[PDB]
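This is what each chain is made of:
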Amino acid sequence: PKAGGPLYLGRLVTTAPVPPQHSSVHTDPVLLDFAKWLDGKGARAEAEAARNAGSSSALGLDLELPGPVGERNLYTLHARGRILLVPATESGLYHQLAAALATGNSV
Amino acid sequence: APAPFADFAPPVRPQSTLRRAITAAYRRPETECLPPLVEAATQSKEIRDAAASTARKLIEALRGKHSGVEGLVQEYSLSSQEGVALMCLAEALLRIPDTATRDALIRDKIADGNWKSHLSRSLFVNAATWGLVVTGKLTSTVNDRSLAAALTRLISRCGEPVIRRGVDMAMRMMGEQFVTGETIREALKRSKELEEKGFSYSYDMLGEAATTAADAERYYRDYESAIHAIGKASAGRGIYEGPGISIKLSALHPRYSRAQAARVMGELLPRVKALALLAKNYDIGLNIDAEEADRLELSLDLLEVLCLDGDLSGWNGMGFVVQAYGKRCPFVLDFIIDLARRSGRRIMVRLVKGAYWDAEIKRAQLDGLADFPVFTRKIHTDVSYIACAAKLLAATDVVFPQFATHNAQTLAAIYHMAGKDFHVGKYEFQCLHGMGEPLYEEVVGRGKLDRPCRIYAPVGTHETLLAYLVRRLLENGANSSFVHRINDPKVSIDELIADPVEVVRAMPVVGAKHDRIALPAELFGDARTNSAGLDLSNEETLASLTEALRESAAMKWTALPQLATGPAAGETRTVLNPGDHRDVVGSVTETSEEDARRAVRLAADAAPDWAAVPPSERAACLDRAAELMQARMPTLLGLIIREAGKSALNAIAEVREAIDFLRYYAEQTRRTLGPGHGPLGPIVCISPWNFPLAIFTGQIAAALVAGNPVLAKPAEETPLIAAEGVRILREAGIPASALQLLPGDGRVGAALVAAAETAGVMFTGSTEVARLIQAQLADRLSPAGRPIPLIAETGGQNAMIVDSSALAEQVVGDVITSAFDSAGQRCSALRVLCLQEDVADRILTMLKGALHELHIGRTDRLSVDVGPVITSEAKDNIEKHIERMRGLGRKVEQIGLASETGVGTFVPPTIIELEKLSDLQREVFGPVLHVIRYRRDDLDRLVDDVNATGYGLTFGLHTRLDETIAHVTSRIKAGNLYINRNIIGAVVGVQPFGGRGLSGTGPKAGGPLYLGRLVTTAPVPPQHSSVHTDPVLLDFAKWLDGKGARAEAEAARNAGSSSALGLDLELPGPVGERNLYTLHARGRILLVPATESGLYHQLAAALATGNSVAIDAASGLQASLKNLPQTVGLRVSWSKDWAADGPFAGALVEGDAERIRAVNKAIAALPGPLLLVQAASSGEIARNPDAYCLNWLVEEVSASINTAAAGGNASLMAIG
Amino acid sequence: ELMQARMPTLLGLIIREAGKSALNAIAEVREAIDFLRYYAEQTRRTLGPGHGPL
Ligand SMILES: Cc1cc2nc3c(=O)[nH]c(=O)nc-3n(C[C@H](O)[C@H](O)[C@H](O)COP(=O)(O)OP(=O)(O)OC[C@H]3O[C@@H](n4cnc5c(N)ncnc54)[C@H](O)[C@@H]3O)c2cc1C
Ligand SMILES: NC(=O)c1ccc[n+]([C@@H]2O[C@H](COP(=O)([O-])OP(=O)(O)OC[C@H]3O[C@@H](n4cnc5c(N)ncnc54)[C@H](O)[C@@H]3O)[C@@H](O)[C@H]2O)c1
Ligand SMILES: OCc1ccc2occc2c1
Ligand SMILES: [Mg+2]
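First to last, the protein sequences are chains S, X and C.
Under PDB author numbering, the residue at position 82 of the first sequence is numbered 1101, and the numbers go up by one with no gaps.
Residues 14 to 79, 82 to 134, 137 to 1233 in PDB author numbering are what the second sequence spells out, letter by letter.
Under PDB author numbering, the residue at position 18 of the third sequence is numbered 661, and the numbers go up by one with no gaps.
Keep in mind that the hints were calculated from the coordinates and are not lab data.
Not one of these hints is a red herring.
Computed list of chain S residues with no C-beta within reach of chain C, every gap over 10 Å:
{"no.": "1", "residue": "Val1044"}
{"no.": "2", "residue": "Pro1048"}
{"no.": "3", "residue": "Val1049"}
{"no.": "4", "residue": "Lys1055"}
{"no.": "5", "residue": "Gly1059"}
{"no.": "6", "residue": "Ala1068"}
{"no.": "7", "residue": "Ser1075"}
{"no.": "8", "residue": "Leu1078"}
{"no.": "9", "residue": "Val1088"}
{"no.": "10", "residue": "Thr1095"}
{"no.": "11", "residue": "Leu1096"}
{"no.": "12", "residue": "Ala1098"}
{"no.": "13", "residue": "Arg1099"}
{"no.": "14", "residue": "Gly1100"}
{"no.": "15", "residue": "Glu1109"}
{"no.": "16", "residue": "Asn1124"}
With a straight-line Cα cutoff of 25 Å, these simulated DSS-like cross-link-like pairs (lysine-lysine) come out:
{"no.": "17", "chain 1": "X", "residue 1": "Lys465", "chain 2": "X", "residue 2": "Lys70"}
{"no.": "18", "chain 1": "S", "residue 1": "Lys1060", "chain 2": "X", "residue 2": "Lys933"}
{"no.": "19", "chain 1": "X", "residue 1": "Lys933", "chain 2": "S", "residue 2": "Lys1055"}
{"no.": "20", "chain 1": "S", "residue 1": "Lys1055", "chain 2": "X", "residue 2": "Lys131"}
{"no.": "21", "chain 1": "X", "residue 1": "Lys465", "chain 2": "X", "residue 2": "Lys214"}
{"no.": "22", "chain 1": "X", "residue 1": "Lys249", "chain 2": "X", "residue 2": "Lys290"}
{"no.": "23", "chain 1": "X", "residue 1": "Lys214", "chain 2": "X", "residue 2": "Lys443"}
{"no.": "24", "chain 1": "X", "residue 1": "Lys297", "chain 2": "X", "residue 2": "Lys206"}
{"no.": "25", "chain 1": "X", "residue 1": "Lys78", "chain 2": "X", "residue 2": "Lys214"}
Every residue, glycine too, gets a C-beta built ideally from N, C-alpha and C.
When you get a sec, could you build the whole thing from the sequences and use the hints?
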């Protein structure tokens, strides 16, 4: 994560905290479609994990940070891009997909 | 048969001189109200100095002793969101009744994270209220994801100790501060301490705004039980020393309104009398709280009867609030003082400033009224208060003044105005529990000012108190409020003790309106004049309207084929009132198909002369027509009421909409139309019966002002108001050759559509009829060899989604209005209510109770809520649907209809409980609400189900949760969205109206793209641009360059820039609402290319506007799109069977005239939505960069958000 | 606080050791100060017993 930013300290502990201001009201639509698909096949635990990931993801965060006058300093969270998924089990793959899709990524 | 309007709105009683003086001041200009108040409020210099010294002393004592939430936030270093989230968690934990169980959950489960796992209902449902508590700022909706993050963060950081502190704080605030007690017994026990110091109490059981008979009965029994408890505790102390009760009339009847005055006097009055009789027996005060401005005068009729009722004689405990923020206040006081003299009852008069200020501003703006019924500068209310106190203090022998205020300046002014002679019973002050005690502990008692204060003491559970806590917090928490300013270190005591009377006296214009609050007529500023409505709570208006309505029923209304050459002969028949077929409204002469064809030829011959009238002069005709319709509104109302089954309220809205269309299209013309925007030619305007003046006028006005002569074919059911609209337009200067009225049925419409000179068709009506028109036009090409433009605005299957965070009373009101207003005969009407499972039973019970309070009947009575359906055929069609549903086992709730409905065609408002949204097939255009339930996790599937009907007109969402708003509004596909409000009555230029799919081709009526469809070269609409470039368009442009298609790549880049996809505007409108207008992709566009270059141009146009495409595989052009970037490939499909690969949202066609005609026929044959087709030849694509117009490749979406839904207006908290 | 108070001395070292101009040495020390205070504040906003160190 970026130095001098709110995600940094969470990389230095074994369980990351929720950083200040770190949330988003947006839900990835592909995540939503994935959760419905999991629902349909009866993967109830995974569908719940998918919905939870969709909500806790901060993808789409778009903040203005306090700073000097005459400048607008913006901070935004986007998808990483394409995530390599190395699953072992079907449930693990569904959980990995949920995490990656909820954050806007392809896999 | 009863004479039309003979019983329209008779007053409860003849209006006395004193009552008439009240009504005359209702919306009196602010500059006229203030001078007499300044005069009445003037005091000597000695008194003003003494009052200032007293106020300073009170304020110094207040500031010298001035924290619970603030101390918690400080101790745990909480952010604002953490503080709010903590209080929401505490609120939820306090819903666990058993203390040991709650503490176990805290210690073992909550404190160790995973609070979400243990706590159907968002924890944050009331976060807007807690936000006000924590931050002092109101936010209408809740950022539940921010709060969830904050709660996780604070619990993980601080653990059980912070949860414990939050729970204890919330318990204290909700049990002891926001209320005196949870029950009347607890409240009475806690009142002893301050009663021993010289305070008294008035208890508020928090009932308000009954939605159902059962609600009203519950509030009644709560008041009755409280009176017993209060009277037992009073134990003979009497009405001044002892406690009393306060009631709200709105709690005691579900239809407490002027429109239902007869039910109010017959049903509500006896309930108040029974409570008053009990208060009399215990000799306690019973105060009638004051509510919205439109209930003031009605409440006076109850006060009059009660004070004159001999059964209540001997008791002086009847009390009544008057709101000094209201322009009628001094005249109301004159009436009350006189009533006290006549009755011999020493009426207890509570003078307040007023609690509904923001809402009164919004309401007056929405209703287009002349002025506000309240002041708009806070200092005006203060002067009004002091002036009214002077009037009350001169009448203490006949009334008991009660000065309710937390403002130490107001208090001091009155304390000195009242003078040194005091006895208990002369007057008192009042304050709110848990707010006013610090001030009044400097007042009550011989060691202070030795004046008594009555504490208004809310009593109720957490659920009850939270319902309207936002309104109560704004009373003392807005930037202009004394209690906010006392706590502001930047506000000096000198500022707080400023004398409002002398400040107002010295202003350059005494009583000027607030500069930042628009009068309703000025909502749109310089763009245009807002239409004006009528106040159906104003007795003067009701009396004048009664006469105008009766006069309108004595008119010999006719509709004739008004050809350019003059009225034509034809088959003549009467037009009957749908609510009573014995009431003949007028006569219509219908147009022969021969004369319809002749009218088109005359329009074609007249086209150059009308096109040559400059746009500004055409617009001036529309503006003159709007003035004429405004002046004629009362007469137009009467015709609409009788011809179309509309209530007076709905007819007012109908005429306002017509006026607004005229003025909006006039202004849009003045902004856009020039010599190069040539008219299409004769336009056939076919309109529906259900908005028989507004949509009729809108289509015609738009076509005319764009320079097209018009053939106006109104619905066969409602020709009279259409003929009057044409008469008005002709009087306004539209030449007879430019506007021909052709009454008759669908045959006249079809004959007009098929006429060779018809250059465009504007259709509003059913989807099925639009499909027939689409098929008719598919045969046709213009002389230039291009499709005849069709605007086809069609039906809806409109849903509202309600989650567990919505306020049931608000939902039910918006549902009852959206589903059953106009007997559901609005295209926007709510058809499918979707209730989250956890709240569905409660809301459904309330909805059914509200349904049964509707009055169905002939609409020439103000008390009628729901009129008839337009015809027996419509009635039969609706009833067949109801019986089909009933036959499938679905639960059906229906109002019982009165026998008087038998003379017309009525369908009772009906609620049908469905299992799945697929139980519905097509739009049922009647008063039939369907209800489905959904589990929260299935919300996204539900939105899919709503979209799956293929309709896309209006859509409503009731939620407080930002995550749900963002989710639902991003996934729903409808043209008009409404958040936390009803889904009907879209306003021109504010909610540009129209949908997608089976609901419309667009462009939206009342929006900025409309006129551009009615000319051959569309202008650039005002504000129509976007800085955003579609990224797939950009990828396609680079691909084209890589392929060597250099000119096409440049055209693609130009399309990317020219596209207005991503336009996102807020439109001016009333306060307390945000009205947004955005341009999105249409969806999947069918491309029918002929050449590779044509395909590249079509793809560029479609991609630049955000769309995907299905390309006709029969074009043989597959090899032209080899090696597309993946981003473009995702948007591209090839279609061999167009009907299999839809629905499409538009089409682009390349070819010669006969290829275009053939393709247009094949497109018209596709199932489902009418497609907006644009065609061009290969040569046109080469010559004209705008061969395909990007205006028609985007979809307009209007969203109207009620930002007052949380209970107040945050922006207006800064307006004082 | 110590880096702020000793900034003039730190500047001299940074100027001579790392080839920085005075303005860029000021920026260097300021950035160190800001990291210290920012991570301190972010810690006060977030870290609790369950966020164990690596
Ligand atoms: C015991 C008690 C009982 C009450 N009962 C009722 C009741 O039955 N019905 C009712 O409607 N109110 C009632 N009120 C009043 C209302 O709830 C507020 O408490 C009151 O209006 C606040 O006035 P103030 O002197 O306390 O505060 P101040 O801050 O001096 O005044 C605030 C008031 O100024 C007015 N105001 C604010 N901005 C503007 C503006 N831009 N233009 C014009 N006026 C403005 C509003 O009325 C606002 O509430 C009652 C108040 C008390 C104390
Ligand atoms: N999208 C909107 O803005 C909007 C607005 C109001 C009403 N509507 C829809 O209008 C419908 C109700 O109005 P209505 O009952 O008058 O609709 P309708 O389709 O019955 O009739 C509309 C008009 O088309 C005419 N007509 C009928 N058959 C025709 C034909 N074969 N060729 C040419 N014209 C023909 C009628 O005479 C009438 O003037 C509802 O479906 C409602 O949802 C849509
Ligand atoms: O908050 C005090 C209060 C008391 C009675 C009321 O009646 C209507 C609004 C209102 C406010
Ligand atoms: Mg019809």
